[PDB]
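In structure tokens, one chain follows: the form solved without this ligand.
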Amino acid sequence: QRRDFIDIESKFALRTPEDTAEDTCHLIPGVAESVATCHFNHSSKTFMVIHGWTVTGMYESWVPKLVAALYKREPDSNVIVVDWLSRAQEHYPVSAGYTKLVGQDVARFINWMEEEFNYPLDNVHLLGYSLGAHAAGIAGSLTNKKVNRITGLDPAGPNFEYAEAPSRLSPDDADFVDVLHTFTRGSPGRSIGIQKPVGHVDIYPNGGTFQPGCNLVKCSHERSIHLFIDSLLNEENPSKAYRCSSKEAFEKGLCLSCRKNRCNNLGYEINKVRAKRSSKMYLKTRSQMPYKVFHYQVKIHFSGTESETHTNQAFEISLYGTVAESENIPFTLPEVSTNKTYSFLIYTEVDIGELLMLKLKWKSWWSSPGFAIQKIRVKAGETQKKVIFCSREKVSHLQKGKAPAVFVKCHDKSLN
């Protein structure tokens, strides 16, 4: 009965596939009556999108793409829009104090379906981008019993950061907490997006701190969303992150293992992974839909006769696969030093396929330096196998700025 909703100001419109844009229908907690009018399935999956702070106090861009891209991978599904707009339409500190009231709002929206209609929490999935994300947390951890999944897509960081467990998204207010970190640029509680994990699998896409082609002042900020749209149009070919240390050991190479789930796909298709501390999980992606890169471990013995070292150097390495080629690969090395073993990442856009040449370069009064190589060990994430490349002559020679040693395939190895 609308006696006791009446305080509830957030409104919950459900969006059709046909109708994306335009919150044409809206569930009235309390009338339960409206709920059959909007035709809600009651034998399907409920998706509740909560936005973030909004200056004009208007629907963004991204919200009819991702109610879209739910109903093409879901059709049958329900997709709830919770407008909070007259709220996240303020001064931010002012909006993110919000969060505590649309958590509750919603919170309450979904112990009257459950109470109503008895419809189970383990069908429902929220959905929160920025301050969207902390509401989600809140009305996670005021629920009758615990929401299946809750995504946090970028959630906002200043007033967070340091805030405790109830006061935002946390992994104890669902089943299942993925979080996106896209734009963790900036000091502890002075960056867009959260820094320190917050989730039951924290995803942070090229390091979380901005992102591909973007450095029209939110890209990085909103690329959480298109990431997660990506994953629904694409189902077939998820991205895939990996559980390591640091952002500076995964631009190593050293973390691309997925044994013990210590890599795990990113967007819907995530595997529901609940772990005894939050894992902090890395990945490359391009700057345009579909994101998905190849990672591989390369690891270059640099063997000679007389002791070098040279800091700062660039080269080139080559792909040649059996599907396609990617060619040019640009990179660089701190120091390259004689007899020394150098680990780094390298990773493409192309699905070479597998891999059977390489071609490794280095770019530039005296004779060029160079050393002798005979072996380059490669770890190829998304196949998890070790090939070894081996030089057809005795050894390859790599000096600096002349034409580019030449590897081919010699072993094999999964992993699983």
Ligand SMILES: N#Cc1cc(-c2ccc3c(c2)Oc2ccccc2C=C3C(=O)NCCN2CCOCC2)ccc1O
Contents of the next structure:
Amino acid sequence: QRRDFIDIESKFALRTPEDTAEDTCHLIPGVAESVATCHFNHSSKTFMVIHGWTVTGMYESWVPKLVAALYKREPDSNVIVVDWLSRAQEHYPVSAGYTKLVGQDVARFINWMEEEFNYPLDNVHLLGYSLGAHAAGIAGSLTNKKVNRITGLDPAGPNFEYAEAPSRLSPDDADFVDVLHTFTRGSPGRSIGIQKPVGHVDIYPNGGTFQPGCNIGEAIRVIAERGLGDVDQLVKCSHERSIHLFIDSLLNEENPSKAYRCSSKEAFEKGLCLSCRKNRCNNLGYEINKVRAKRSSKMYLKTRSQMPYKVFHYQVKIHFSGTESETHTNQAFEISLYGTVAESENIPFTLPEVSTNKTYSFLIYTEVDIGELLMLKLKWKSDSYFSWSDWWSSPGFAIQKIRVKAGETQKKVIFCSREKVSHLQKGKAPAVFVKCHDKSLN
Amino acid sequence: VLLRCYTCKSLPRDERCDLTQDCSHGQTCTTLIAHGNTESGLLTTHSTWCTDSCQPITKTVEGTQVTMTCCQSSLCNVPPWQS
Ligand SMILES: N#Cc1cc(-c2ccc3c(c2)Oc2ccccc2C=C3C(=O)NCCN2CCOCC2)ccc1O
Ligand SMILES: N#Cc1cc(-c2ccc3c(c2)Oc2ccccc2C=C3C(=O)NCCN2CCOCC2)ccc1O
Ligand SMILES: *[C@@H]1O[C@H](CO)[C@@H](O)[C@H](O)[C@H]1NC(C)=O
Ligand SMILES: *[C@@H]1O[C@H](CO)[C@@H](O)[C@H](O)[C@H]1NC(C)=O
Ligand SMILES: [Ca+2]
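Return one more block: the form deposited with this ligand bound, after the form solved without this ligand shown previously.
Whole complex next, starting from this chain.
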């Protein structure tokens, strides 16, 4: 009873679908009557929201948002919010130390629920943010039986990057460990988000370095000079995005964002990783396919700056044919996609090298659901004031076909020029291609 | 019942498809027809293949008439002007 638990500093609130922002009702370890007082549903599943580091000692804005979304998606479940705000309000390496103690508090609470009520641990889902992802990992590594799932939302990097599996979140901590890495910018062990994979599935939205809508782009950054600093770091925008990406997945059960297994972010940004064969793709978030692999699998995707975050990924392959040998560096282009449903015109992209009789693959992504692709317009951009003139000599290539592979629908589409060849000439009119083949990759 | 379809890429109006491929089970015959003005004046083209998901449509993308047709008979996907 209660006597064997008073050393537990952590508090456990059973938040409700109608009372999301406040810790009204508490589940007191060793006091079985408190479980009935809070109206825990012994029939339903349990989510344990474990916060991270705080300089204020108050729950952040995301806590009611996450609780509210779990109750929208799972209205009969139990959403427990873990309070470790005192310990999470110390100097960072000290709070990092307390993840061992919080991990222990949580495990003892979980083990109590099982001993006292014979509640199944296979019905437990741990969601940990920042240091809380490691507190969740330690908790999972100390329960009598394995918990069903652990979601790591941008797990803390400093003092964890080089920590061994028992001191941080690792795949042995639960039956399934999924991890979103959203702010990994910086040197290894010096990033705010952990860089190394720590789950069965490790998703790196937009490469995981920083999030769209969160950073100050390099151009703005150079112009601002000595004034501006790392606002993203301070404001915690990219870091917190993992919570919003997860929330999005709970509110859009029918249309999840897909992640793609890949060797590197650089390879992904060339459009080389867009397959769904042998679990090479998965759904970001709640609706994840619980595929536990032999090796840690790193997965990539692009997203929008705001909710709903889903974008459509396309790999575009072009063979730049020509009569005379020419090589152009850092060339800017615009691609326009015309489908059955909608269209997205003037999508920019650049190529580091454009050379005669060579093929180049690149990623094109768009918020627009264009439907089934019909037409493709390609523009080779010039910034010269004379590009309009027919007197102005500009380089050009003869392009016959454009091969496109759509990631979401897993379809290979060939587009071919209306005439024998489409002339793509720098600064001139766009080259037009119309669909001439389809292929479902399945 | 397994289908044989005509499989040709962006052929000009006055040219008939020679190529024929045996479709995978569940697949249908399709014809895409583009018709609009180009640098070499007005042009009509036709492409034909075995498709999985077949949706008949008629849209005028960037001033070019695109028509998609489906049929379940063997070697049926022949453009209107060639049937
Ligand atoms: N959410 C989140 C989150 C936050 C951090 C973080 C907070 C503070 C960090 C820090 C990291 O870097 C490290 C890393 C290793 C060692 C020390 C150190 C120092 C400070 C430091 O003094 N920050 C300035 C403010 N401090 C407040 C308390 O009073 C002293 C000053 C890391 C991961 C996260 O998920
Ligand atoms: N010494 C000292 C010292 C440290 C701080 C301090 C302020 C803010 C801190 C903070 C430290 O921790 C760190 C530490 C490292 C990285 C991030 C971080 C985030 C925030 C944070 O709350 N950010 C979110 C801000 N809000 C965004 C949403 O809207 C409301 C505002 C203050 C006084 C001091 O003397
Ligand atoms: C508990 O959850 C089930 C759904 O699995 C629901 O039908 C039932 O009404 C709930 N009971 C209580 C006491 O909330
Ligand atoms: C590119 O290939 C074509 C034949 O496909 C050829 O006519 C042309 O000369 C080649 N270009 C160069 C620069 O060799
Ligand atoms: Ca561990």
